[PDB]
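Model the full structure from these sequences, guided by the hints.
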Amino acid sequence: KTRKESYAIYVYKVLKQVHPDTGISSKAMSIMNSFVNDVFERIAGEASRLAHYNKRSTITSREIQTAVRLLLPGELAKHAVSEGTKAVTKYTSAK
Amino acid sequence: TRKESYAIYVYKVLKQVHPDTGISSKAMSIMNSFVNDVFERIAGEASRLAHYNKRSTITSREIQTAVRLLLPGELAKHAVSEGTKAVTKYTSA
Amino acid sequence: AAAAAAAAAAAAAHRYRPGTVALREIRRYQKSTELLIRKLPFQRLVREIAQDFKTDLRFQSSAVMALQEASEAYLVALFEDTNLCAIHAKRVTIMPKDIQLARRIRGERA
Amino acid sequence: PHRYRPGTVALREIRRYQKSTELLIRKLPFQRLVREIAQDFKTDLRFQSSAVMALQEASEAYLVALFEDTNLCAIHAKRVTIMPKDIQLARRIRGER
Amino acid sequence: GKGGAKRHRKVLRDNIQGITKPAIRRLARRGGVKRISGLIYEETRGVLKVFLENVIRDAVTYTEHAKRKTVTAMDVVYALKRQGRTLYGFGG
Amino acid sequence: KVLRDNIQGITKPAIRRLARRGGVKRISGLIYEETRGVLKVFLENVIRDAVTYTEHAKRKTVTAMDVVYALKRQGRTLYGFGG
Amino acid sequence: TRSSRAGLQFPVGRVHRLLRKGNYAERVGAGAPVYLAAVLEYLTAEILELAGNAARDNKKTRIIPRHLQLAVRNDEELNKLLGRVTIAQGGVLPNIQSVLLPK
Amino acid sequence: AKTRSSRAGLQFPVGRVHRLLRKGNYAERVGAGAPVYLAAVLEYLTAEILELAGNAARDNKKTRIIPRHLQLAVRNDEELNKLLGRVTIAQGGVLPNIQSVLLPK
Amino acid sequence: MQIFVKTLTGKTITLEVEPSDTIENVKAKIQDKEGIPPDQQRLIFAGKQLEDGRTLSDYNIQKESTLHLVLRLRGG
Amino acid sequence: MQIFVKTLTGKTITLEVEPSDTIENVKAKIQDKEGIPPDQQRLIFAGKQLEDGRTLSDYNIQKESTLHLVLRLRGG
DNA sequence: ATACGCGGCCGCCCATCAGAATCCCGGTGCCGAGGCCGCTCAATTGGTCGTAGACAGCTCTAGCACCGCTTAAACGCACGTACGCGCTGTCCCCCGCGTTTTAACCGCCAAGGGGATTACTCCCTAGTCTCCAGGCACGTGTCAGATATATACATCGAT
DNA sequence: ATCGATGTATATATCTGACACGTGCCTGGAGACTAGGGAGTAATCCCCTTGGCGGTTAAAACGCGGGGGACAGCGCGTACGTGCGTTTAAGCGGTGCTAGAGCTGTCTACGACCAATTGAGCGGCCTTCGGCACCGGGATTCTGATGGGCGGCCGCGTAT
Numbered sequence: 028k029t030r031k032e033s034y035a036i037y038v039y040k041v042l043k044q045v046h047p048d049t050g051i052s053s054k055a056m057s058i059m060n061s062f063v064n065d066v067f068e069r070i071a072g073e074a075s076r077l078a079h080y081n082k083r084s085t086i087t088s089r090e091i092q093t094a095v096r097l098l099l100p101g102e103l104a105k106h107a108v109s110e111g112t113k114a115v116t117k118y119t120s121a122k
Numbered sequence: 029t030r031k032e033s034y035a036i037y038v039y040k041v042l043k044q045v046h047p048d049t050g051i052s053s054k055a056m057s058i059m060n061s062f063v064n065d066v067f068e069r070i071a072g073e074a075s076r077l078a079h080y081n082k083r084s085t086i087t088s089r090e091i092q093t094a095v096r097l098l099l100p101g102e103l104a105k106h107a108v109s110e111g112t113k114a115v116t117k118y119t120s121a
Numbered sequence: 026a027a028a029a030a031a032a033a034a035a036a037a038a039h040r041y042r043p044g045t046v047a048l049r050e051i052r053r054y055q056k057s058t059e060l061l062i063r064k065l066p067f068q069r070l071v072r073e074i075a076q077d078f079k080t081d082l083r084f085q086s087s088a089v090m091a092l093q094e095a096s097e098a099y100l101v102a103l104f105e106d107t108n109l110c111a112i113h114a115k116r117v118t119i120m121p122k123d124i125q126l127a128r129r130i131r132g133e134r135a
Numbered sequence: 038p039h040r041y042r043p044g045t046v047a048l049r050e051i052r053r054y055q056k057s058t059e060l061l062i063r064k065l066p067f068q069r070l071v072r073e074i075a076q077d078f079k080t081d082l083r084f085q086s087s088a089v090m091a092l093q094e095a096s097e098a099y100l101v102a103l104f105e106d107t108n109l110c111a112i113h114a115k116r117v118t119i120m121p122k123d124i125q126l127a128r129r130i131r132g133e134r
Numbered sequence: 011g012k013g014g015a016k017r018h019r020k021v022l023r024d025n026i027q028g029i030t031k032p033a034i035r036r037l038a039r040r041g042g043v044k045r046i047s048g049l050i051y052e053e054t055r056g057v058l059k060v061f062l063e064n065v066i067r068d069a070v071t072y073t074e075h076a077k078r079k080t081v082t083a084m085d086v087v088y089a090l091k092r093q094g095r096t097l098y099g100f101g102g
Numbered sequence: 020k021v022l023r024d025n026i027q028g029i030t031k032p033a034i035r036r037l038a039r040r041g042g043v044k045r046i047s048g049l050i051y052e053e054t055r056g057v058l059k060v061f062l063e064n065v066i067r068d069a070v071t072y073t074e075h076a077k078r079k080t081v082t083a084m085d086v087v088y089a090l091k092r093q094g095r096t097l098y099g100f101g102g
Numbered sequence: 016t017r018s019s020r021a022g023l024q025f026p027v028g029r030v031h032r033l034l035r036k037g038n039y040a041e042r043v044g045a046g047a048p049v050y051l052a053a054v055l056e057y058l059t060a061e062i063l064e065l066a067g068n069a070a071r072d073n074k075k076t077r078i079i080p081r082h083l084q085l086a087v088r089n090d091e092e093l094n095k096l097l098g099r100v101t102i103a104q105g106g107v108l109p110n111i112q113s114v115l116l117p118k
Numbered sequence: 014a015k016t017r018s019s020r021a022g023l024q025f026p027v028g029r030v031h032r033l034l035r036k037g038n039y040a041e042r043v044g045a046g047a048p049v050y051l052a053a054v055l056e057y058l059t060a061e062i063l064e065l066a067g068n069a070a071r072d073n074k075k076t077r078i079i080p081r082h083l084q085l086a087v088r089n090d091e092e093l094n095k096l097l098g099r100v101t102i103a104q105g106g107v108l109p110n111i112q113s114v115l116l117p118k
Numbered sequence: 001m002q003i004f005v006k007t008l009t010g011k012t013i014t015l016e017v018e019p020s021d022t023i024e025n026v027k028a029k030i031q032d033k034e035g036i037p038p039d040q041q042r043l044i045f046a047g048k049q050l051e052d053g054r055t056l057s058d059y060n061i062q063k064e065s066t067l068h069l070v071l072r073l074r075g076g
Numbered sequence: 001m002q003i004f005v006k007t008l009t010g011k012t013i014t015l016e017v018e019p020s021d022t023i024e025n026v027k028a029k030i031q032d033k034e035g036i037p038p039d040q041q042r043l044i045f046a047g048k049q050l051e052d053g054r055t056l057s058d059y060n061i062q063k064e065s066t067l068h069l070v071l072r073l074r075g076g
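Chains as they are written, first to last, in the authors' numbering: chain D, 28 to 122; chain H, 29 to 121; chain E, 26 to 135; chain A, 38 to 134; chain F, 11 to 102; chain B, 20 to 102; chain C, 16 to 118; chain G, 14 to 118; chain O, 1 to 76; chain N, 1 to 76.
Derived by calculation from the structure, the hints in this document are not laboratory data. Hints are not guaranteed to be accurate.
Taking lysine-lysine and the DSS-like style, the derived pairs with C-alpha atoms no more than 25 Å apart in a straight line are [to be verified]: (1) F:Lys91 / E:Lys64; (2) D:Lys105 / B:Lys77; (3) D:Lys31 / D:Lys43.
Below, the structure is given as structure tokens:
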């Protein structure tokens, strides 16, 4: 049949996590995937840009790390890094 | 080690059109910058479109529309023309 | 000794009448979220110009729906500043120019 | 004895100053200021003298543009002198902030 | 001064005469100004026209770079994206 | 020594000249102070963008090159000094 | 397996693929797919709930478009991040300008 | 002819621009007359801009061309500065233009 | 003053021009007579291509000179 | 009025707060007597974990209410 | 002829039976999480060769910092004229509202254009080889423009 | 009504240091060969957009008049630009140093590539309990025709 994949499974549990027996319209659901896919290119594209400025050829986590910092304002940014840094840190701990 | 410039290509065409005339060293640099930016917005444009309908190729038409949109009218249309003629020029040869 | 009372508002309540609706409609319009402009004249307006730039045109149901959304939203936004400008001026009246400045400084207007 | 009628000098320069390219901001103070904040993220870092200019140009022009928007709005009101709000008004409408 | 097999057909869906004036004021109050000038609202449609063309200009172009007869709504989105008025809700 | 008494460096006249460049005719006392605040806002954000790459690059002596890309990010591209 | 080992709610083995197929740099750093899933989940969660608050503010069981922007438009931060990204069936905050008072 | 540029009759570098289209990651396959087309295009644009730049230099009593000469050249033409409207200029300088009403009676 | 242009067929047309008139103005006049756009015209006299932005006086073109109209030599 | 919280220890604590006042504001006053962060403390009423920026009227709080308390886990 | 009797009517409080009306116990309609499902097509598992890239090494650029004579720019300070701006007052351009007429909207019924998938081969490119001249560093000088200094007119305002 | 003082343009030659040149070497450009999968084209089908149609039924669409906001007049106030004098600090090009950029050379970690196996994910389909607002049965309270006994009808009526 057709494809047209989306992030619907990811957005839904997140909302469950923050009000479990709280609801949503089928119109705000796409707004959400539209919103995510939009932020996706915003961050990953910028990573691509720096990589081939100061003369290197792969994109790691550090770059995102840097990228994120100047893409967003002071207070959210730090918490965001923190969360980000740990999630991965744990990831490696396992293996 | 090998500083690149598009100064060489400007250098001829300058003379071709205003031979009693010259370029500032920074004015040329400005032009070097300009072309590349100009090279990238288009190239960027080109790439997005390729991807949109999954096109593992930037053909000679993908660029053409790209320019058409990117550019304000009077300038855009002349450039469209020079473009095809060139293909015209080159393939048989 | 029976004295039917004027307790209910009717059309004499709600303070007086001066500038009475002025702010009223505003509020009701805000709570709502329906299209400000009709969805039938707009539909042809596009079909009609779209022909001038190309022939044999077709349209997705939504495509217009979407434009309506864009446009409406586009104007409101405009007016929203216009209003400010208007206020700046000692006025509560949007004016033919009030429109221009707004645009001029945003930059589409020269 | 003679003193120019008000508004006779200011325009004259406007233009003189409009024709030319040369920067208006000072080389030393600018630099110090740039150093002041940069330290406040990380302390004691260096920049090529030009790198400083690169920065100097991008903002000098930037103001002059805003002042231009401020002026129209001063005009729109039947006024004559760029007031404060106009700048802010301008800032709010551009919706940069 | 004759009946003369007279038939009357004039055009008021698409054309700007046809469209509804309240449809605008409806729009004007959401912003919440107290007063509407006659002069003004005429200009406003004026601009609408200016905004509307450029988009379709592009729309048309993307419909046509792909050799398609049916104009996609996505096609409009990118258009909006190019001017920096991109619409969430649509066509990821 | 942490640089301070900086904000003033941009004295009365220099802010004013910009404005003439702008095509303003005259100017109230109050806004010399207002603009300095913004100027600062603008520098902060750009330098904020710039500095990170420089750190990213394992270096201190932050380049003109960063000044610019950092400007390209905020959306103030510059023709003149770069690459 | 990805969510597990990583410990996130987002798909770590999905954004890795697109980042390599988008064609960003030559190869891809091992850092990113994982890190990139993480912040994304973090943002995902930051809106849902304020949207929740907004629906409860005016007392509603289900959240809908109207809510989402109400949530974001009012918030100082999110609002700037999505400053010029404009929004489906959204309408607007109540706003009454000062000198437009009914005295 | 050996040099490609010449087979397409041009000053712009055919092959240098081809490689730049492969070192920029823009895509998996590079087209064959794209490169040329593109080279030639810019060629025009340069010219287009560089054609009046010189004329501006003629205007002000010089045989050379300093950057402002590029700046005025771009601002006046509507189809020129329109595209570059997002371009700000190494020491660009300013068009003399004084608003209507502050000029004096 | 008049100049002449020998068109592709060999047919000569007369244009009324000044020596300070630009090559594009003359190409616009040829567009006005022949329906050939300025961009497809090359104006030749005796081993110089006349260039856009330059004047008739830049090439010392004076009274009752004949210019040769050619289209665009395409490698085929 | 009176607001009641049931702790994990089980011990019942009685403190008096205006109903107009927001829950978050009231928590701060109860976190100065016990010297314990409001963050750390988790409260549930009638199968709903307490929500920040929710007024007591919107929570239909009653005098002598019974609210379950949960201690918090962050692993790291 | 002359006086007594009364007769159903009538206001009275005082008795009978069903109708209306609130609380005690209520069902219905609409939305939104669970759960089932099942072929399957996109990620994961276990794994070598090599190449970017970090790193260890180095020197020789360029980013600071200082020093002192000169001087262009910044300051502080004092005056007044011509601007902001609040007051004031009418005339007329919008609102609000009463009715008359238009066109929006929903529902129905039609037909084929065009969009998406599938199946196949051959045109077009990167990727790989060999060889060479265009293009740069290397070297060097002039000529385009920048400064200082003489020379006359404009021009806005004071009288 | 003529005049002066200033500011701006413009004249002069002239010296200098950056733009242009020529040379010469080497890495980036051209040509030659192949293989394979990208991308077109050529074939079918059925979904989607356009259209027409009636019919109400609320809105569009008007006007008129007068109220209320816009704009023109007026008038006081004071604050900023234009210029002067003193003082304060950048800018100017000079030196001197070493720190950090840039080069450079081998190792190696980590990603791309090829292989095979299974379950996370989407549409499509399907589920029951809980809350909004309409609603159901029984005892109980207030209205309506009934009815003899005590009083009053003054007006027809029979008896001596």
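In rising order, the numbers of the hints this structure does not comply with | Structure breaks no hint.
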